[PDB]
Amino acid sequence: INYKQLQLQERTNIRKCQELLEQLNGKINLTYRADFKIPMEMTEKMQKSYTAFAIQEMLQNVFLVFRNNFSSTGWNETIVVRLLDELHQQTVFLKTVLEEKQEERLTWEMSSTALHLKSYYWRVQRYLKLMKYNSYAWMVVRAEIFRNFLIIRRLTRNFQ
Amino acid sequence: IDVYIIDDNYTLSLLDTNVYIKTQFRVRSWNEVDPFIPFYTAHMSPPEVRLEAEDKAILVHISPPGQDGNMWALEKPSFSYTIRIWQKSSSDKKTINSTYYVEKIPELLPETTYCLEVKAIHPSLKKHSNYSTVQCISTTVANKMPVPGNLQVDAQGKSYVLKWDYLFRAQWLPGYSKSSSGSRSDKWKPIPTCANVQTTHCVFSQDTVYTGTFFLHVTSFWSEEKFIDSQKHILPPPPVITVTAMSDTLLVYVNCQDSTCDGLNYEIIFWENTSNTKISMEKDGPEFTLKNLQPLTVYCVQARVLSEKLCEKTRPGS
């Protein structure tokens, strides 16, 4: 058993997802403002088991996001179908490599950290519904998912 | 006074508050209780289930708790389901586990009436659901034409070869579709290269079947959904196997070709230079010990990490 092998997989895969997200159109404006920010615990140092769950949770939520009506964006459906699938592939992969171990995930689900991460993503899904899934809302979400993928990349250092 | 929460229903439509933040209630006893996060006290209502029958199969269409709501709106991928099937009068229940929102129960007897029960489980957040109200359905009489059998997909990278045993139509569905919540699924995508084929040989390119993972379909009912992952994984290289034939035990050492070798899982494939049967076992560490082998006989070992044939003759007995 080792986390170093999982570090090599999540790095290879977030690159596969970040490329797919980039291919939606061609311009990601990181200054696209919206009041919701990734929880402070994610940027901060966290446990070895807790990271793998944080990744899974983020990929599960990023999946749930792209399921919504993206009709207003004029993005290529083919690429969004492709993205959801590569996202879901890893979501299934992470859950299976944390199958034999069962105690620490329960501790992680009752954590204030996980709750804060889920509170954050609730605000992301709520935002899109309020703005009635128009282009500006998605332009903001794409930029946020980019920033999120970088956080997934920052978290992979916590495995070594 | 206590508050009971069953999904998005409370006890003492389009606009609702955050289920993960601090929330409170005031009713006018002068109600003002302990502030809590609703996500911990909320119960799971049974999943909605609709049955559909065929000759030798039953389709169980599972809808997750909430239509769709907010309490489980972000928990949907976490949920797993357990199905219980039996004939109407029987007491022995067959158990099938599923993550899929449509689980086809096969190998069933035609014109027989079976009853179903679906449980929604949250395998990570401790919680579970009370089984759904029992639902019964009867199978139809066997079709004049049977559905295709064993499927195998051998791919040459950019082209896929679909080999099977028996006009034939084929449909493809992306991997995440059968696994993620319905309401919008499962609309199967078509295949022009295999829509009305004359042969069992089916060839299709990556342009049409664009997802990394997908399911395949093969008036007759639909065949078993064949799931195939298309990944350019030419990793890792074979390990270096070492055999030490001792008096009795035949010690086998698996060495990974990228060290440190601290946390790894190993597999063994051993046989005899006269038999055409392969025996296989997996251990925690790399030190495999082949015990109770016939003496003065040649044994061929092979290994993989999670090798080429290496034949060694045993010892007589000192």
Given for the second form:
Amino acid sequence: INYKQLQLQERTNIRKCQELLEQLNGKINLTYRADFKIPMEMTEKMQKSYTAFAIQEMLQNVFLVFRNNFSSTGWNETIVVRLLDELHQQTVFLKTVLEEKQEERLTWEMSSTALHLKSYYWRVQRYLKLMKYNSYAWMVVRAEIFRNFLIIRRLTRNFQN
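Next up, the form solved without the partner chain in place of the form deposited with the partner chain bound?
Shown below: the chain alone.
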């Protein structure tokens, strides 16, 4: 497995997700009352493979967030579909590339980093559910996901040596 192809692949693709996200509805306002407490780990340097596991986890959960109802925002559903497409493709890619590590990924799925990543998305989803998928909540989440994309680009530094 080579981390150089992967590194540039992810940088490019996550670039496209940012832009697609930005086309959704005006400027991203990073300063809202909400704090979902992004896990400290997402900024720590970690083993190259674990990094790939973490990015995969993030991308799969971000696909889950956009699976929800967003009619309240009046966003063009064709742009969300394109975001969902880009995220799906990266997932498929990482799922194949990381194949020789299936069993290690399975054990990592129960590590402290994985459990913190998951509870973080539980919170993001639960916030949307509690706010009844209203447009304000979606504006808050869009901005948070934007932050996830910024952190995903950061994680790709771990793929270089």
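Positions refer to the first chain, counted from 1. Here the rigid core means the biggest group of C-alpha atoms that line up within 1.5 Å when the two forms are laid on top of each other.
**Q** Which residue of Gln102, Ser119, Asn134, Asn29 is the mover here, meaning its C-alpha shifts by 2 Å or more between these two forms once both are aligned on the rigid core?
**A** With the rigid core superposed, the residue that stands out is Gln102.
**Q** Please state the CA displacement of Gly74 between these two forms in angstrom, with both forms fitted on the core.
**A** Its C-alpha shift, to one decimal, is 1.0 Å.
**Q** Let me know the CA shift of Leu150 between these two forms in Å, rounded to one decimal, core fitted.
**A** A shift of 0.3 Å at the C-alpha.
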